[PDB]
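Sharing a structure with you now.
A single protein chain has been omitted from the complex, and every remaining protein chain is retained in its original position.
Chain IDs A and B follow the sequence of writing; residue 1 opens each chain.
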């Protein structure tokens, strides 16, 4: 899978980025059984002030995780995975989980290429 | 919902970013009935020259809005919402709406976490 993680510049130090990537990657392996190296976490940083909630400009605390997954998992499993990402990123980023948004999009495996192969 | 708004650096001043966020957020509330604070607008800025149309490098005017929505709305309603975003962002960004692209992706509610809850 690919987890696009949208954060404000300077909110996550390199150590914190590694910790957040580990939290997400461990949650995905542990709950779905997929191998480690298949989980990409891709941080997309923007300057603070680019996030609006209800039209109101925010500081730099929002973390939006957009997970791009293969179709075929149960709703219960996807909910457990989203909840684990919230809990574990809250620990890893030392952040109130009110700041964490997680959306999963799914795709047929036949239109997903990882490491240059299907 | 989350609206990822892809723009070129310097095309939108902070005032214009606030106006565009307000246009999108107001359109989403008004047409779907969802509450204000649930609408995130997340601006993703890149240097001018990173956008190609038909292989041709563009200036800094393209605005691509990628809305990430819960499934369950009618095609007519989604079309009205997309059209309103085009019209209202055209006003808010003082931009020819030939420059505005809007795509909506949808997801089951059970795999969407906002503010740390489902």
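The criterion applied here is as follows: contacts are C-beta pairs under 8 Å (C-beta built on N, C-alpha and C of every residue); 3 or more make two chains touch, one makes a residue touch a chain.
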| item | value |
| --- | --- |
| Options B:34, B:50 or B:110, residue touching the unrepresented chain | B:50 |
| Residues in subunit A touching the chain absent from view | 2, 4, 14, 17-18, 21-22, 25-26, 35-45, 68, 105, 107-108, 110-116, 118 |
| Subunit B, residues in touch with the chain not shown (by the definition above) | 6, 44, 46-47, 49-55, 57, 62, 64, 66, 75, 78-79, 82-83, 86, 90, 96-106 |
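Methods note: only the chains that are shown with their structure count from here on.
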| item | value |
| --- | --- |
| Whole-Å gap separating subunit A and subunit B, where each centre is the average of the chain's CA atoms | 21 |
